[PDB]
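A single chain comes next, written as structure tokens; it is the form deposited in one PDB entry.
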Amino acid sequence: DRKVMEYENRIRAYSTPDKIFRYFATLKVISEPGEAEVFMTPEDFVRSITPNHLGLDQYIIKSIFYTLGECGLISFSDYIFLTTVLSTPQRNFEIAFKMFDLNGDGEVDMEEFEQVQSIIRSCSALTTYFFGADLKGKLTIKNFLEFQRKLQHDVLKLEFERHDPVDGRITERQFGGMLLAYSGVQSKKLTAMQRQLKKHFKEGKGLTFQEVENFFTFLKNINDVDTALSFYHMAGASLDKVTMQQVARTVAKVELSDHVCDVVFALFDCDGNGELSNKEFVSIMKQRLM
């Protein structure tokens, strides 16, 4: 029944946003004569963005998810908004914010979005999230980024737990799985690779959330990394553990533990020469953000 595990990822890559929200959502609240509104839980959301008993629902005849207002619940319009935040890289937001900020006053408002919207013709659902429901709000690169991080943090924590950590730690294989799921890459090789982790790491104290988050923060800035290498005249250079740690530190301001690197090399080092070629890791992770 892996034909399904596969199937579900196709929906996750190749499918209307509606088809997806609907497929992973578990709540359906009806309030006659109103319409049915479908809802996700935070866990429904996270499963919807990451591979590997009841849709319940209630009916009337007649953590930044609490932020949504629906008491932790997530509506489709929430889905779109969150989905979009998560998938909009800092650099992109920064330009787009630029072009929107018409008077260049460091902010962005409804009137301006208003104007720009038109000039486009000559993304309408998100307006309340950006400028409140009053629409008299003002959006800031800093605000938004602050928020993007919280969202990524909370989502990644939910993901961590989805592995049932023990005293704050998951296994190396569980971690390798998170990486492989993240890579969005399907290969028998890496798959065989990811299984041998528990054997490669027969002891394994595991990875704490901090260790895992640190690495995903690095994954978050993997484009900058390639720029950093090129700058030092080393474009497409193979990574060794110490070099990976130096860049992660330089372009993401984090300290990657030796153990994290151990696992990441053990999983991605497909030719077994001890270092990660561009095609083996950066290429793939760079690709994971289009």
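Positions refer to the first chain, counted from 1. Here the rigid core means the biggest group of C-alpha atoms that line up within 1.5 Å when the two forms are laid on top of each other. Compared with the form deposited in another entry:
Taking the core as reference between these two forms, the lone member of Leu145, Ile80, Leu151, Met110 whose Cα moves by 2 Å or more is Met110. For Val46, the Cα coordinates differ by under 2 angstroms between these two forms after the core has been superposed.
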Contents of the next structure:
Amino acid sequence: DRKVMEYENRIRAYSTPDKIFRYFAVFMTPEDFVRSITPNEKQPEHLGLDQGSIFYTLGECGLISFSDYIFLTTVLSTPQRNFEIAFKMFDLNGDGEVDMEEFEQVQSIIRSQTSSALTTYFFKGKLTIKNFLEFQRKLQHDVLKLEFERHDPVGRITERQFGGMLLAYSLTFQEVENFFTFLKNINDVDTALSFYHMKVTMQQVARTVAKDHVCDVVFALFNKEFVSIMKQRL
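Form deposited in one PDB entry already given; the form deposited in another entry follows:
Keep in mind that what follows is only the chain, not its partners or any molecules around it.
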């Protein structure tokens, strides 16, 4: 029954993007794309070896083809500071604005850490990173919405499953996206808890380092180990 779930996770982790596309798909859909991104969510039995959101502003209402898939996954998986540097290292005055040739050079150096109808949007001209980082933040906000916008909206209530997006890998939606905004600038939320170390001990860290509602659904599962899986979740 679940051998295909674990097999699909195996594909989602140790397989080539070629394969992660040929299984989870002929461009995929916003509903499809999140399947490759989200572990432990199966595609249908008629899925296999080819068997206003950000996405619309890549093709034409849902189109996500190999090129778009490759480059679009490397934006949810890369942190903020990692992008600017590659931008500032290939611009030709070193302020963060890149053009088609330079932004061609940036993706080569950014994708290599691992083991198209949108060239018109970003640029001909040149694109800065103050705006690019907005493209990334929008990609995330939209993909996160869709991921937790079907799980059971009934508008969230879910409780018991919400933990499961926390363990995707490893009361509303606005409370959730704020748990993921707190959750992402987390390194300092490790050093704050590690100073406080060496459960409203952190509810102020959410407002002093991350800057009570969801605080209850988390402490009932396990801090200081919380952090490990949360970090290794993006």
